[PDB]
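My questions will all concern the structure given below.
All protein chains but one are shown in place.
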Amino acid sequence: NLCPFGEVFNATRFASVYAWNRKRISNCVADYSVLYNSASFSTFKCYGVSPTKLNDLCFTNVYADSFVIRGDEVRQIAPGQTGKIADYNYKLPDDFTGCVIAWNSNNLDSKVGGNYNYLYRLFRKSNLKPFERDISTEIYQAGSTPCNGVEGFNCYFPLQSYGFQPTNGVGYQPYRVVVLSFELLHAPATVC
Amino acid sequence: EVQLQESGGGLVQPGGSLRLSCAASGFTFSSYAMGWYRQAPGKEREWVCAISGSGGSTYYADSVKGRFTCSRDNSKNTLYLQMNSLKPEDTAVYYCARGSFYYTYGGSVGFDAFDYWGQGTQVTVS
Amino acid sequence: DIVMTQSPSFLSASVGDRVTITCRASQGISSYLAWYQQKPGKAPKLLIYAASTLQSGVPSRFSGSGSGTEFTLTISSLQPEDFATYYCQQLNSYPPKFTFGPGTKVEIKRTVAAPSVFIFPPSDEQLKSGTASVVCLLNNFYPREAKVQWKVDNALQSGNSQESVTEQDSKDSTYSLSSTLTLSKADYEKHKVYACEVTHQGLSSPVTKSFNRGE
Partner (left out) sequence: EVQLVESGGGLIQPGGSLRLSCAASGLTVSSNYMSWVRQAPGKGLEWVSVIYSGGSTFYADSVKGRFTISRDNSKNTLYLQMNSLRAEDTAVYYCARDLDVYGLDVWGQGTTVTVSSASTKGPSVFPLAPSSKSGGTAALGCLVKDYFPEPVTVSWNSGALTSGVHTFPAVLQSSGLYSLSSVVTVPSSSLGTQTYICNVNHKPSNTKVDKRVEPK
């Protein structure tokens, strides 16, 4: 069977960065040519492997993670990076082996009044471990007073909404990001 | 607590040799790739070289190829740029940084540096 | 980079009027806009966040509107403690975390008052030190906009004068201005006529006050 790569890129709706989606690519043959010869992408950066050598390489599994962020934050999807996205939403390991592909989605994820469905985690006490997904909606305690589940001063909802408007600048415009991670394990390989 | 410092610069005659050293702290030196940059006065900073933590893969700019060799001694947590067969076009302040190698659409290789800067004495070839 | 601009820079209004000030962005910043108020000698006070949401701790007369590139802060009925400087600030930017605007100063409007113009020649005490400082005083005027031109032997001076303006007076809401023309004793004694020309709204024609060295 052909590898399920179109079902991640051609997807109708993308996930929020705090709840980034992961798909396990297995038991298929992969043709990465649908990717490196495409001009929709503004970022195609591969670490630990060459895109040209991917066709002749085999991995036990592949992991395709998808989310939507701001353009000014796409730089944060890279090893050894800091920021709200890299620290509290999606953290890549320093020894990352895989590719990061990002394209503009102002025609898809923007609304005239502002698309408020895409959310990012704003408040978190500690940085995210690599490939960690935090979906907690617990009220953030910014002081010594316990929140008891009610919002207010020093008691803030952890998730904030991107306002994605077509009139926004490139730095405030929505960008769809897919991160492919190639996993080689002591197991029968299923992706080639 | 990451810090990195450079040394070895000075005034040198054209055609000479000089070695610049980048000492590292706050991280495992072998784990991360390190690169050499030059900020020429009046231009933009240009990437000179970068070396993998293993040292097996080293990438050099075409300007400095065949004359400058980049080496690392992970035992001493140091990065070296062997500036030999020097030329007056090689006068600049040189900097080292941590970073990650990345491959582009066609297999081209680039070096992306983690943000940092270090005060250094200008390397002048005269 | 996205640049913040504010209009106007100086606004005059009385107590009770509806005041509207505008902030403009180079590119669309959605609703990532905040409005702060600052009084002299005091720290800024947050008034509006998300470009339309009133901070817990602002009166209802403050309101914020706008999306993208144009934003407005509106005070429906001005109050005596609202006479201050107001800053718009873009949020969640790059490279800087946030970017502040030039600021709009709201001041008390009153009747037009022409300044009283005085001139003070250098004292012999300061002369003996090798420097001469001529002083021009504009007392109790409104509005603030005023032009002061120094003249040495009918030659229009430029580059050797410094101006200082007081705040709006607590009683009559009038400004006062001082222009100091500093030069050396030699160049002071090389010339005779020293004049200060004042242009203001309340003056039908510019008013010149002069002195001759040696009384």
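Should a chain be cited, it is by its letter among A, B and C, assigned in written order, with residues numbered from 1 in that chain.
By our rule, a residue touches a chain if its C-beta (ideal position, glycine included) is under 8 Å from a C-beta of that chain, and two chains touch if they have at least 3 such contacts.
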Which residue from A:4, A:83, A:93 or A:166 sits in contact with the chain not drawn here?
-> A:83
Given the contact definition stated above, which residue among C:28, C:68 or C:103 touches the chain not shown here?
-> C:103
So which of C:20, C:79, C:166 or C:184 would be touching the chain we can't see?
-> C:166
Since one chain isn't shown, list which residues of subunit C touch it in the complete complex.
-> 31-32, 34, 36, 43-46, 48-50, 55, 87, 89, 91-92, 95-103, 116, 118-123, 125-126, 129, 133, 135, 137, 139, 162-166, 176, 178, 180, 182, 209, 211
Footprint of the hidden chain on subunit A, which residues?
-> 82-84, 87-88, 122-127, 140-144, 153-154, 156, 160
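Quick note on the criterion: only the chains that are shown with their structure count from here on.
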Whole-angstrom distance, CA centroid of subunit A to CA centroid of subunit B, is 32
Provide the C-alpha centroid distance between subunit A and subunit C, rounded to the nearest whole angstrom.
-> 49
For the subunit B and subunit A complex, residues of the former touching the latter | 31-32, 98-107, 112, 114
Listed in rising order, the residues of subunit C that touch subunit A in the complex are 2, 26-32, 56, 67-69, 92-94
Inside the complex, what are the residues of subunit A that reach subunit B?
-> 36, 44-47, 49-53, 78-81, 94-96
